[PDB]
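Take a look at this single chain, the form deposited without this ligand, given in structure tokens.
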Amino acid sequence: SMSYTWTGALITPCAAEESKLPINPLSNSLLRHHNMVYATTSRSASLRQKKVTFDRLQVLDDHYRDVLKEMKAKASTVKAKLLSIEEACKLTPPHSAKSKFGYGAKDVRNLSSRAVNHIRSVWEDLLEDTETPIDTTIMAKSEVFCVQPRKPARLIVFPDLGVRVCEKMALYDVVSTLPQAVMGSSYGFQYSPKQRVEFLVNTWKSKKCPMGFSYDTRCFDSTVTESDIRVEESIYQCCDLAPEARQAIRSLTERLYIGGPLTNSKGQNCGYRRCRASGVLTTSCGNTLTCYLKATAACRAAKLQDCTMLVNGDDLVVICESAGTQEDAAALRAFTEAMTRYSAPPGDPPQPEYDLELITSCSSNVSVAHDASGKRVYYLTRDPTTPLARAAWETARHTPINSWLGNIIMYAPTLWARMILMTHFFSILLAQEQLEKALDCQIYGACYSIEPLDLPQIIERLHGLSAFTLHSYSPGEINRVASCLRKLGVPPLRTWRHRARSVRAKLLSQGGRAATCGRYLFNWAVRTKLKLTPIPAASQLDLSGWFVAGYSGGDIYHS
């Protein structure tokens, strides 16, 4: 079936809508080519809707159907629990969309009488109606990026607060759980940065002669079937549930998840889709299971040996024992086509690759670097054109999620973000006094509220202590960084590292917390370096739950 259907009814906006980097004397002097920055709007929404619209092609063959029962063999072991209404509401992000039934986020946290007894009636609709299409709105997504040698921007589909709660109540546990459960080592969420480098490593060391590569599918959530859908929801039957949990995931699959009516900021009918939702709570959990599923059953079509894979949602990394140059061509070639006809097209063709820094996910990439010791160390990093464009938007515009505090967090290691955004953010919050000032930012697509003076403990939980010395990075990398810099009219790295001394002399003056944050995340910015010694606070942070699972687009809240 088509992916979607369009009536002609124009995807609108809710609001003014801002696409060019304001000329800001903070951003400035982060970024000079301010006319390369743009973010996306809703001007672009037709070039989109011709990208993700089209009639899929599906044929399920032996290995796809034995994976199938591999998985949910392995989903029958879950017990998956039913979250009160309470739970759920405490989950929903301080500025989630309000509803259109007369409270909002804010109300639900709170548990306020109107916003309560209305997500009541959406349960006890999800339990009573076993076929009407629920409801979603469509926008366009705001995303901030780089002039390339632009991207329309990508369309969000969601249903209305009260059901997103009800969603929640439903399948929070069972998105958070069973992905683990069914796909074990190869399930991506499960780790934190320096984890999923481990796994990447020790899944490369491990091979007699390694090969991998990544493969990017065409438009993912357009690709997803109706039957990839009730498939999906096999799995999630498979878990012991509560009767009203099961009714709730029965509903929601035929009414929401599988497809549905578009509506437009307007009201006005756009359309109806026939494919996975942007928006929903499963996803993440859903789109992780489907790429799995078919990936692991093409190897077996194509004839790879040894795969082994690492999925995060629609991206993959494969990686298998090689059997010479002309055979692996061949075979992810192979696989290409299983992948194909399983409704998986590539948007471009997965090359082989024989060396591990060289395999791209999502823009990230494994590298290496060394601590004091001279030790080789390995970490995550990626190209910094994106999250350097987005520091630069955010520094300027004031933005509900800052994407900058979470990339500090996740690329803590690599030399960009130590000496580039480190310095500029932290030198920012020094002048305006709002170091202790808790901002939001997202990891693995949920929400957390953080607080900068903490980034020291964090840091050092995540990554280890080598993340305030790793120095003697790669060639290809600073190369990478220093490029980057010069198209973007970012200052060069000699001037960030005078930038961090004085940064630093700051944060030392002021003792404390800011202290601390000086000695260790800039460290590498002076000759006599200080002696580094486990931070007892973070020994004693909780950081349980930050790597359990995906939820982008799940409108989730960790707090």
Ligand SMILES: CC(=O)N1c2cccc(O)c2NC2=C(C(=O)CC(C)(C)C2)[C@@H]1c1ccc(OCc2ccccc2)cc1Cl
The other form holds:
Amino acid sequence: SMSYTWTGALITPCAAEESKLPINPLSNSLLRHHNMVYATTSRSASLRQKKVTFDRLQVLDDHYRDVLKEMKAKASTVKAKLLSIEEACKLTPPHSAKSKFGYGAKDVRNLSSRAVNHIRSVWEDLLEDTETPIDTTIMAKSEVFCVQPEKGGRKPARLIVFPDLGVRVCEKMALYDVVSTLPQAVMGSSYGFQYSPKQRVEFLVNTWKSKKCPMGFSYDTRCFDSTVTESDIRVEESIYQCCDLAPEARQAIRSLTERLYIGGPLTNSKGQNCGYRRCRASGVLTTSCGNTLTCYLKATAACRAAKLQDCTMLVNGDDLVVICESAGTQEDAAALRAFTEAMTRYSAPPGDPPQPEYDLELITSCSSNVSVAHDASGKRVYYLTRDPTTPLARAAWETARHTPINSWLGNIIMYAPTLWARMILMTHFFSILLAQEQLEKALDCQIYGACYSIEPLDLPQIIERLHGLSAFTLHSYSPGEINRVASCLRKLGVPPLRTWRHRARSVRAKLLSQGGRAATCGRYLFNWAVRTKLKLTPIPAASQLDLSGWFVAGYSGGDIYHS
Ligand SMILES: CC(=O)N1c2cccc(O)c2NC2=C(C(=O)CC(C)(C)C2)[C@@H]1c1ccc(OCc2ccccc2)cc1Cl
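Now that the form deposited without this ligand has been shown, please provide the structure of the form solved in complex with this ligand.
Following is the full complex, with the preceding chain placed first.
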């Protein structure tokens, strides 16, 4: 069967769509090669549609059934609570897509009569109706990238598939507790979204150093979402059903599985029948948990199939990394090829074939690799970094255009110890915010899929929790990391690092002059910029922070808001 069938109706935008980075004094001071930065539009959806649409073969085996039973066994431990309409509405992003039936997200959040009645009747319908496919909208997602030269040229838009707001709320009631509890209970330390940045590094390094002779690799599946079959989604349901559930939750999940998750009709922004999905929806609550469970299931089974020895794996939706015991290079290569063949049979064929890796720093997972610097006292300190091209492009875009999500802020938070986040992102964005007296103004970003509202002035204490004091004192980055950043900047026409130091000195002064919370940013975020460096003791209010819901689960596509 096919991931998708199409009527021929176009995937239509519902606004004007911007695709060229503007010429702007502020974005130009970050990045000069503006013609290299673009945003995807629905104009390219057609191309994505081809890519995402294919037939699937899935042959299951005993390794699969064994691993499933073992997961269900752990799932059986869970007891999951039904969320109230109150809690579920408060999880709705303030700018979430309005319902087709009058109300929008503000009315959900205010618990207005229209929204709540509509939500109750959607809920009743999930209990009464077992079969009717629920409708979904299909939109071309606008994301910013840098042009890739002789690599492809330009990326076509990604596609998001989501149900109406009413349903989205009813999903949270039935499932928010499950998707944010079950994956941990099932996969234990292999569940990626449980780790803060510092914890992810520890886990990767400890696992690596714990192996007698480590070999590692990552595995990129070609369109994970389109390769998810309806068996997979039913199997995923079977895991959920092992939870103690309130009866209304149980029916809700059941109806939601047959009616929404397993597949259904697609409609374009103009109300026209677009086609039919028989694979994972990118834009539902279970998308992240479902993908993580499925990736883990298939991957664990395929390990058993390839007889990889003492495997530790770390899964974040479709992103998967394995670290195991080497058995020699020829034999490591053979086992890896067998592993792919097993994934391929489970319907998770690779994008590019996986490459056995013997140095932890040569492994990329979720765009990231471990790298090494030293702290003030000079000790080696591992930390996660990435190629800064995409972040920098997105930052330029966000500096030029008001956008709902500030990826620059997310990148500062998640990649705070990196050379490029400290020297460029912080300098740039604190210089602007300072100029515009927006330091206190809160700003939306996403971490692990969920949406957070963060005040920039709270960044020092956030970074301390997420990374530890170390993140403000790192120096002597690896040659390879420095040169990646250096050439990245030449490519994009970002001023050289030398220039950012100069701009930082100015910014730091201006923050210290301001005193209070602003001055703390100056001291901590920009200590690297000065020669006569300040001693940095732990920030008191760091320990007072409530990051309770920050690194608990993944919610990519799931319409989730924290504050
Ligand atoms: C789409 C998505 O949810 N993710 C993702 C997955 C694969 C790839 C990928 O690039 C991302 N990207 C991002 C993620 C964010 O949380 C926000 C941010 C701005 C950092 C971008 C997030 C992500 C990023 C890194 C990541 O793992 C490596 C890492 C963790 C902590 C600190 C540094 C590195 C995992 C995820 Cl889910």
